[PDB]
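K.L.:
Following the hints, position chains E, S and P against chain G.
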Amino acid sequence: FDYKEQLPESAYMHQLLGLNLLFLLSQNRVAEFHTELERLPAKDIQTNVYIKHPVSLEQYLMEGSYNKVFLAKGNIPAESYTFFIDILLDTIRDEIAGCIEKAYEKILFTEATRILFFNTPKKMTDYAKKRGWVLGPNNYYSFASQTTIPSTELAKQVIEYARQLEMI
Amino acid sequence: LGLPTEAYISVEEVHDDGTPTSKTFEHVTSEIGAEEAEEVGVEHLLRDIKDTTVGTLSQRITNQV
Amino acid sequence: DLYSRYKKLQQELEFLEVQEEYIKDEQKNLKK
Amino acid sequence: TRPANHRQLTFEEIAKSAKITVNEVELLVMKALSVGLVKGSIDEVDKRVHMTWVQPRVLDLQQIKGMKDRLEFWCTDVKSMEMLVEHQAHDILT
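Protein chains in written order, with full-length UniProt numbering: chain G, 176 to 321, 328 to 349; chain E, 131 to 195; chain S, 39 to 70; chain P, 283 to 376.
Just so you know, these hints were derived from the structure itself, not from any lab. Any given hint could be a false lead.
[What the hints assert, rightly or not] Straight-line C-alpha distance at most 30 Å; calculated DSSO-like pairs for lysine-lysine:
| id | chain 1 | residue 1 | chain 2 | residue 2 |
| --- | --- | --- | --- | --- |
| 1 | P | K329 | P | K313 |
| 2 | P | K361 | G | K337 |
| 3 | S | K70 | E | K180 |
| 4 | E | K180 | P | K361 |
| 5 | S | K69 | E | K180 |
| 6 | E | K180 | G | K337 |
| 7 | G | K337 | S | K62 |
| 8 | S | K66 | E | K180 |
| 9 | S | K46 | G | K337 |
| 10 | E | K180 | S | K62 |
| 11 | S | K66 | G | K337 |
Chain G with its partners taken away, still in its complex shape:
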C-alpha cells in the first residue's frame, strides 16, 4: 500500500489481502477487518474473487447465513484459506449453538445434527456434554430454561434532576 508508483503491483497482492481479511475474520476483529477492507479499491472489493470471498463471508456471518458460511469451506477460492477458515467454522459452531440455546423452546437430535452441521452422533454427544444439555430424554434437547424495580438507580436519576434544577 505504501509504495504506490515505483512498483508494478504483484498479482498475488489481492489473494494475500483476502487471506489477511480471512485471518481478521477468524480472530474476530471485525473493526480492523472493515478498516483494512476499506483500503481495497472499489472494483477490487466488488469483482475480484479474492476480496469478494472474505467480504461475502462476513456478510453471511452477520446475516446468520451459516449454511453459506459452511459452503465457503467448499468454495475456498485459494486452498491456503483452509487454515483461517477451520477456526472460523468452530467459532461459528459455537455461535449457532448459542442461537439454538436462546431459540428453539425444544429441539430434537436427528435434525439438530444437520442444524449444527455435525456428521456423527458421537460428536453430537461430546458437544452436548460441552456446555451441557439434557441429552434428549424423549430425543428432544429441552433446554427451555427461559420485577425488581431499579429503585436505587431511579432515585439516583431523580436526585440528579433535583440537583440540576437547584444549581440554578
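P.N.:
Here is chains E, S and P on its own, set in the frame of chain G:
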C-alpha cells in the same frame, strides 16, 4: 434527630392479662408552633442562622433525608 | 523581566484564588 | 408459621392440618375472618386462602432473636439509602 418536646398523658391501663390496672403515661403527638408575634421574634433571632435561600425542592429533599 | 512575568504568575494566582470564591460567597450572601 | 410472602393456604393443606374436608375449610376460614383472628380473602376457584394478618402471638426467646436479626437487616438497608441520598444530593442538600 427529633423534636425537643415529648408529650405524655396519664391513662389507666386495663391489662388484658388480668394484671391490676395502673396509671401509665401515654404519648400524644407534640410539635412546635408559633403565634404571629412569636414567629416574628424567633425569625428575628434566627435571622442569620436559618437558611432560607434553599429552594422548595432542596428543602423537601432535606426533609426526606 | 521574565521573572517579572513570574510576578505575573503570582498576579494570576491573585485573580484566580482570591477573587473567584470571593464573588461566589458574595452572591450567595447577597441572595440571603 | 408460614412466611410473609408465601402465605397462601390451599384447601387441601388446611384440610390436612385441621382434619376437616375441603367442603368445610371454606366455612372455617370465613368464621376465622368474622371472629377477626385473621385477615384475608378466599379464591375458591383455585381453592386458595390468601392471608395478610394473624392475631399477634406470644414469641419465644429464639423467635425474638430472629425478629432482631430481621430488624438488623432492615436497619442496614435504611442506613444504606440514607448514605446514598446524602452523598448523591450533597451539593443541594442543606
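K.L.:
Now, for every hint given, state plainly whether the structure supports it.
P.N.:
Each hint tested on the structure:
1. With a C-alpha separation of about 16 Å, the suggested pairing of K329(P) with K313(P) holds against the 30 Å cut-off.
2. Our distance criterion of 30 Å between C-alpha atoms is met by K361(P) and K337(G), whose separation comes to about 16 Å.
3. The suggested pairing of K70(S) with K180(E) holds, with an alpha-carbon distance near 10 Å, which does not exceed 30 Å.
4. Between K180(E) and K361(P) the CA atoms are separated by roughly 27 Å; this keeps the pair inside 30 Å, and the hint holds.
5. Between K69(S) and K180(E), the direct Cα distance comes to roughly 13 Å. Compliance with the 30 Å bound is thereby established for this hinted pair.
6. Between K180(E) and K337(G) the alpha-carbon distance is near 28 Å, which keeps this suggested pair within the 30 Å criterion.
7. For the given pair, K337(G) sits about 27 Å from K62(S) by alpha-carbon distance, which is consistent with the 30 Å threshold.
8. In summary, the hint linking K66(S) to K180(E) is supported, as the alpha carbons are separated by about 14 Å, within the 30 Å threshold.
9. For the suggested pair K46(S) and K337(G), the alpha carbons sit about 44 Å apart, so the restraint of at most 30 Å is broken.
10. At most 30 Å may separate the alpha-carbon atoms for a hinted pair to count; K180(E) and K62(S) meet this at roughly 20 Å.
11. For the proposed pair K66(S) and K337(G), the alpha carbon gap of about 26 Å is at most 30 Å, so the pair holds.
When held up to the earlier numbered hints, the structure conflicts with hint 9 and nothing else.
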